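Colleague: For reference, the chains in residue letters:
Protein chains: 2
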Amino acid sequence: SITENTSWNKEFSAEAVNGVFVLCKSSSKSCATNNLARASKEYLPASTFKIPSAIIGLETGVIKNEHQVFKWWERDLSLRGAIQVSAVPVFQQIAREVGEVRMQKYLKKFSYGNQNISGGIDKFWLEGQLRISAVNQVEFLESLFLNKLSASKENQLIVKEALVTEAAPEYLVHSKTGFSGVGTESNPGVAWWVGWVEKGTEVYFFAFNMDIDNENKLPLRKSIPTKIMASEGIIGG
Amino acid sequence: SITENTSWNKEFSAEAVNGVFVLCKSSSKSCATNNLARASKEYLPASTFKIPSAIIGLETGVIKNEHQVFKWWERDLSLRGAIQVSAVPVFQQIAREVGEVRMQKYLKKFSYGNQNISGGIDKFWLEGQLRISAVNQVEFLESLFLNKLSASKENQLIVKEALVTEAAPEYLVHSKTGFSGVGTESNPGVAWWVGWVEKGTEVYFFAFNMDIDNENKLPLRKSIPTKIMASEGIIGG
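Same order as they appear, the protein sequences are chains B and A. Mapping of the first sequence onto the deposited numbering: residues 21 to 92, 102 to 266, in sequence order. Mapping of the second sequence onto the deposited numbering: residues 21 to 92, 102 to 266, in sequence order.
Treat the hints with care, as some may be off.
No copy is singled out in the list; a pair is fine if it fits within one copy or between any two copies.
Simulated pairs of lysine-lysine, PhoX-like, Cα-Cα distance not exceeding 25 Å [said to hold, decoys possible]:
1) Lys138 / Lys228
2) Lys84 / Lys134
3) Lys251 / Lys134
4) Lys84 / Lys45
5) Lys49 / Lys251
6) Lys251 / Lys177
7) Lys246 / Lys137
8) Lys177 / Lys30
9) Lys177 / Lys84
10) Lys182 / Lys246
11) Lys251 / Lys91
12) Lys84 / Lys152
13) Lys182 / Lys84
14) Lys91 / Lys45
15) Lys138 / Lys182
16) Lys61 / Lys91
17) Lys256 / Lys137
18) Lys134 / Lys91
It is worth saying that the hints were derived from the structure and are not from the lab.
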C-alpha cells in the first residue's frame with residue numbers, strides 16, 4: 021500500500037511549503053509519499069483537468085483529431110499549445126461543446142475524483158464542485174499510460190504525446206500544471222504538477238499538490254518534485 | 021517545385037562537407053534545398069530505416085505494442110531506446126520475423142525509395158541495395174505525420190512519439206539519425222538526420238544527408254541542419 025517516505029519532507033521544509041508528493045514506480049501498487057493524509061485529500065483539479073477534458077473532447081468529436089487548431102491579433106493554438114498556456118477560453122469552450130450529460134458519463138467511466146461537475150459546464154474544474162486526490166491522479170494517469178481508459182487507443186495516444194514537456198536520450202516526461210488561485214489562509218489556493226516519466230523500460234507516475242497563498246511560490250510546484258525525482262536518479266536536475 | 025537556396029551552401033562549405041538539406045514548411049509542396057541535384061539522389065538509409073521498420077513491425081504484430089521491450102549484461106531497451114541507440118540486432122530480428130514478402134509489400138505501399146531489398150533480409154538497409162533520396166524521406170515523413178501511411182493510426186502515432194528528441198514550450202522535434210559507416214576511397218559512407226518540427230500550429234519537414242569518411246565528422250549531421258533551421262527561426266533553442 022502507499023508507503024510514507026519522511027526523507028522527502030526535507031524538500032518541503034526547505035521552502036516552508038505544505039503539500040504532498042506521490043511517486044509510483046511501475047504501477048499504482050508501488051507508491052510512496054511524504055504526506056499520507058494529504059495524498060488522499062481531494063482538491064479542485066484546476067488545469068490538470070485539461071487531461072481528461074482533451075481525451076473526452078477527442079472521444080466525442082469536439083476535437084477533430086491531433087491536428088485540431090484552436091482560435092484564441103489572436104494566434105491560433107495547437108492541442109499541445111492549448112494544453113500548456115492558460116487557454117482558459119479554449120478548454121471552457123471544449124467543455125461546453127461536450128456538454129453536461131456526456132461529461133458526466135466520461136468522468137464516471139474514468140473514475141475521476143468525486144465526479145461532481147456542479148458549478149457550470151464551462152467552469153466546474155475551476156470554480157465548481159469537482160475535487161480529486163493526488164492518489165486518484167496517479168491511478169488515472171496510469172490508466173492513460175496503459176490505454177485502459179474508456180476511449181480509443183488513438184485518442185489516448187494523441188493526448189499522451191501532447192503532454193510531453195521534456196525529452197532526453199534516456200527519458201520522456203509527460204506532465205501538466207494547475208493552479209486554483211491564491212485563496213486566503215482560511216482557504217488556501219492549491220497548485221499542482223502531475224505526470225509520468227518513461228525512463229528506459231521503466232515508468233514512474235507522480236502527482237504533487239501544495240497550498241499556495243502567493244503567486245510568487247508557483248515555481249515550487251515544479252522545482253520541489255523535480256528535486257525529489259532528480260534525487261532518485263529518474264530525471265536530470 | 022522545390023526552390024534552390026544557394027546561401028545554405030555556406031554552412032556546408034564552412035565544414036567542407038558535401039551534402040544536401042531539404043526543409044519544407046507545411047507540406048512537401050513548399051520545399052527548399054541547397055542543391056536540387058542531390059535532393060533527388062538516392063542513398064542507403066542506414067538507421068533512418070528504423071522508421072518504416074518500426075511501423076511495419078507494429079503493423080505485422082512482430083512488435084506487440086508501444087510497451088514492447090527488446091533484449092539487448103546490458104539492460105533491455107524500450108522502442109524509443111532501440112530507435113535511438115545502435116541496437117542493429119534488434120531491427121535485424123524484426124526484419125527477419127517480418128520476412129521478405131511482407132517487407133517488399135510494405136515498402137511499395139510506403140513508396141520507400143527504390144524498394145530494393147535484395148540480398149539479406151536482415152542487412153538490406155545497412156549494406157544492401159536499398160536507396161532513398163532526401164526528398165523521398167520528406168514525403169514519407171509527411172505521410173506519417175498525416176497518418177496517411179498504409180498502417181493503423183495507432184501504430185503511426187506510437188512511432189511518431191518514440192521519435193520525439195527535443196521538447197520545448199513552443200515546439201516538439203521528432204528526428205532520426207543514420208550512418209552507414211566510413212566507406213572507402215571512391216565510395217564514402219553516408220550520414221543522415223531526418224525529421225519534422227511541430228512548432229505552434231506549423232510543421233516543418235527536413236531531411237539531411239552528407240558524405241562521410243571519418244567518424245569525427247558525424248556530429249555535423251545535426252549541427253548543419255540545426256544551424257539552418259535555427260537561422261530560419263524554427264528551433265534555434
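Colleague: Now, for every hint given, state plainly whether the structure supports it.
Modeller: How the hints compare with the structure:
no., hint, result
1, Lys138 / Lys228, "neither (29 Å within a copy, 34 Å between copies)"
2, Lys84 / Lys134, "within (20 Å within a copy, 31 Å between copies)"
3, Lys251 / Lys134, "neither (32 Å within a copy, 48 Å between copies)"
4, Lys84 / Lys45, "between (34 Å within a copy, 22 Å between copies)"
5, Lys49 / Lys251, "within (24 Å within a copy, 42 Å between copies)"
6, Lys251 / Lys177, "neither (27 Å within a copy, 38 Å between copies)"
7, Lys246 / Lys137, "neither (34 Å within a copy, 56 Å between copies)"
8, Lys177 / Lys30, "neither (35 Å within a copy, 51 Å between copies)"
9, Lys177 / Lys84, "both (21 Å within a copy, 16 Å between copies)"
10, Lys182 / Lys246, "neither (37 Å within a copy, 42 Å between copies)"
11, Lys251 / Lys91, "neither (28 Å within a copy, 34 Å between copies)"
12, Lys84 / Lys152, "within (22 Å within a copy, 41 Å between copies)"
13, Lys182 / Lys84, "both (15 Å within a copy, 14 Å between copies)"
14, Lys91 / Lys45, "between (39 Å within a copy, 21 Å between copies)"
15, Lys138 / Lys182, "both (15 Å within a copy, 24 Å between copies)"
16, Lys61 / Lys91, "neither (36 Å within a copy, 41 Å between copies)"
17, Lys256 / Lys137, "neither (34 Å within a copy, 50 Å between copies)"
18, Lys134 / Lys91, "neither (27 Å within a copy, 42 Å between copies)"
Comparing the model with each earlier hint shows violations of hints 1, 3, 6, 7, 8, 10, 11, 16, 17, 18; every other hint is respected.
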